[PDB]
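Omission of a single protein chain aside, the complex is shown with its protein chains in their original locations.
Every chain is named by a letter (A, B and C) in the order it is written, and numbering of its residues begins at 1.
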Amino acid sequence: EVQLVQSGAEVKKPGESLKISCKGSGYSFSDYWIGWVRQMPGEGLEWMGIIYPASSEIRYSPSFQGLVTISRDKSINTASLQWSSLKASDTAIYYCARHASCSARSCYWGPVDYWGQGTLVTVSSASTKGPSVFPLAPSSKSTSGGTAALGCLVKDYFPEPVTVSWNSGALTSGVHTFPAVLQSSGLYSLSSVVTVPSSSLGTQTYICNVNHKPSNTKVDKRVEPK
Amino acid sequence: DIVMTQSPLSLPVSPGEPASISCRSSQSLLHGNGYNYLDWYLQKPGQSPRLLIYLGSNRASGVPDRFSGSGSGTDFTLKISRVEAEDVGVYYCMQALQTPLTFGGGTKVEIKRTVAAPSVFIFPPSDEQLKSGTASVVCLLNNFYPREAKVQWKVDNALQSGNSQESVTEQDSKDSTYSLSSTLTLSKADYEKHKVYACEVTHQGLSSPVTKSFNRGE
Amino acid sequence: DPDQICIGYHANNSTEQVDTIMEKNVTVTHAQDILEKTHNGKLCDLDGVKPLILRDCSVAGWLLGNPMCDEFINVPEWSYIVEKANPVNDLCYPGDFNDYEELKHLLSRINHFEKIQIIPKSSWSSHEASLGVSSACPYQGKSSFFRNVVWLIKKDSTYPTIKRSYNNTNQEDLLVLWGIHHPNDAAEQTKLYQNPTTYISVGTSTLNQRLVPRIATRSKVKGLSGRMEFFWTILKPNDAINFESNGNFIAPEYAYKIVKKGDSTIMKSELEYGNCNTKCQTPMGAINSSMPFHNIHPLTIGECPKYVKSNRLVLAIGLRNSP
Partner (left out) sequence: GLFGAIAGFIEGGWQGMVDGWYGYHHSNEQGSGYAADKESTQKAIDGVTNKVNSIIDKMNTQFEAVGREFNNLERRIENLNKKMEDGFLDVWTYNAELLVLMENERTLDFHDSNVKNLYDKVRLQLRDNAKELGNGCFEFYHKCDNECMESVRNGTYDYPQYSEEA
């Protein structure tokens, strides 16, 4: 049925140009209005604009008009969104979504029935850097201890995202990988923790597997007591 | 533009009991045909927004019976009969009468449960990290309810300010709890001048503030 | 010899002839032609306002939204309209059109529409609006139907009775088009609508219509013996149009808002656009002339001379030329 596949993810610096895209399938691309929605980290949805790919008539939003250029191409069922000079405020996730299929200039613009996966556009003066992983050791408990807590600290990386697994996916239960925070330097830093029985600390091996695709980095840090 | 206003902003709801979200419009969304040009959208955590209700009351293909939209003209409402871990997320109403399309402020809806205290843990910086020149101490509040919590750092009984960041997990599918970490960031030069490090935690499910601490070098 | 004086009249190398009561082809010294006989042979603008040229489309196809007529979605204002003699894209699905000439007469008063959506396809939830397509009326290669109207059929072996109405909240008059499907046989009507004897009632402040689909053994036109029939009305501001039916209802999606009313015409011509501008236009071509009369075509538009069925109209000004 209907499918909207986007062309993420992007990482740029202030001043650079960019053109994200979105390919529609399973219907008449030219017949349906297709548009864009911005969502800045932690905030709500911001409608940017739509375009009717048969006529190429564009319905911009006054907040976004003359600041981003929406496009469309029937020949390969693609809608796009462009920037001339990027800024740090444009750092967000951009959703592609299908709209009405009304051929008139005044109508029901909904339903926004099919959405894309979004593309992460990251914009800062910092450049791509791999993460530095450090162990958070389990010990030490009063007397014996019932349940123990251990983890990994993934520090100083850019851009997002990073994927953390434990024992190559063998340990999922009790795990908590926290959302990253933007440090004052400009690099990201999260921590991943997991709770296990204190009995297992003596025998069980615990390795976290950090993968930062943007830097082609793969780090496996062994976490053990003392 | 047509401005949209949602309420409430947060909505903790028990597994059994129902929920209700209001969405007010600045302008009449009722069309000459009789239908109200208004949709509702659900954004589950980590996922894209999805169509829930259109155009006013009709359920989108995959939407269960519990969800139902109602109201006309300027004031609308989304009712849910029962709410479960699947239904958590930010609910957005949007008008589709006039360009530009406008969304509401969103209504976050978590699962409500009984008060549960956090398990507090503290971690000293690894020897590999000190080599780099920086030292970060991590405090950890594991599985607690409600989301609200106080994590306060004290180095040699001295309250720390402007040198620690927090991060909260999304609500859990199984036990409906939250986890929170806090990282005190120092230089190696500073870290090796003080001995006692402690994060004092305060939370509804605790009778008094719990303190987990350690001495530098064991 | 003696001196003398004589009396006479003018002569010259003129060969201009004129007709009188008693004589035909009388050569005179001077004459005035008052009949324009020539034209540039192109379809032009009228004071910089370009006409709506439908190519191989008809008016019915344009308004109903024929799949082949995809240029004429949201057309700009026109000075006049052009339509070929036998446009191949008329009604793709074999059918008729009620008061079609009356509608064409009404288009002479109109210079510009604005298409607005009145009843979106999405609204039809109890009925299946996706199906209702047809071969020999193709869109994008596939079987399809008119763009501005919806062929509604059954949903899950059910066609619930419809009760919709649109209230014209605009300030302009609204042209609305709907239709009825006359089925091929009793088996088809059960297949499409699940109701043996259906009806379609349409009512405004002025109009009140009651329809019933007729069954008949008709000839196969384009491989389809079943027939369609379309109607229309002007919905004045603040007046509502009330639809009710339980089958055979070709519902409207868009109406046409009458935004400018002036002087216009629909002219039969096989000619195409010529990228020119003129003060006077005919189906045969444009006329740039200061004559009071012409003999090109009876139908004209703009600031024109008057049409005579004569080949020649010359006035004698001078006198009889000799030799």
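The rule is simple: contacts are C-beta pairs under 8 Å (C-beta built on N, C-alpha and C of every residue); 3 or more make two chains touch, one makes a residue touch a chain.
**Q** Which chain C residues would touch the chain omitted from the figure, given the whole complex?
**A** Per the touch rule, chain C residues meeting the hidden chain are 2-13, 18-22, 26, 28-29, 32, 34, 292-293, 298, 306-310, 313-323.
FYI, only the chains that are shown with their structure count from here on.
**Q** Please work out the Cα centroid separation of chain A and chain B, and write it as a whole number of Å.
**A** 18
**Q** I'd like to verify one number: the distance from the centre of chain B to the centre of chain C, where each centre is the average of its C-alpha atoms, in whole angstrom.
**A** Those two chain centres are 61 Å apart.
**Q** I need the residues of chain A touching at least two other chains; which ones are they?
**A** Residues 100, 108, 110-111 of chain A touch two or more partner chains.
**Q** Could you tell me which residues belong to chain B and also touch two or more other chains?
**A** 35, 54-55
**Q** Spell out the part of chain C that touches chain A in their complex, as residue ranges.
**A** So the residues of chain C in touch with chain A come to 65, 70, 73-74, 114-117, 120-122, 140, 147, 254.
**Q** Spell out the residues on chain A that touch chain B in their complex, using ranges where they run on.
**A** 37, 44-47, 49-50, 59-63, 95, 97, 100, 108-118, 132, 134-137, 147, 149, 151, 153, 155, 176, 178-181, 183, 189-191, 193, 195
**Q** Within the complex, which stretch of chain C touches chain B?
**A** 118-120, 122-123, 125, 164-169, 240
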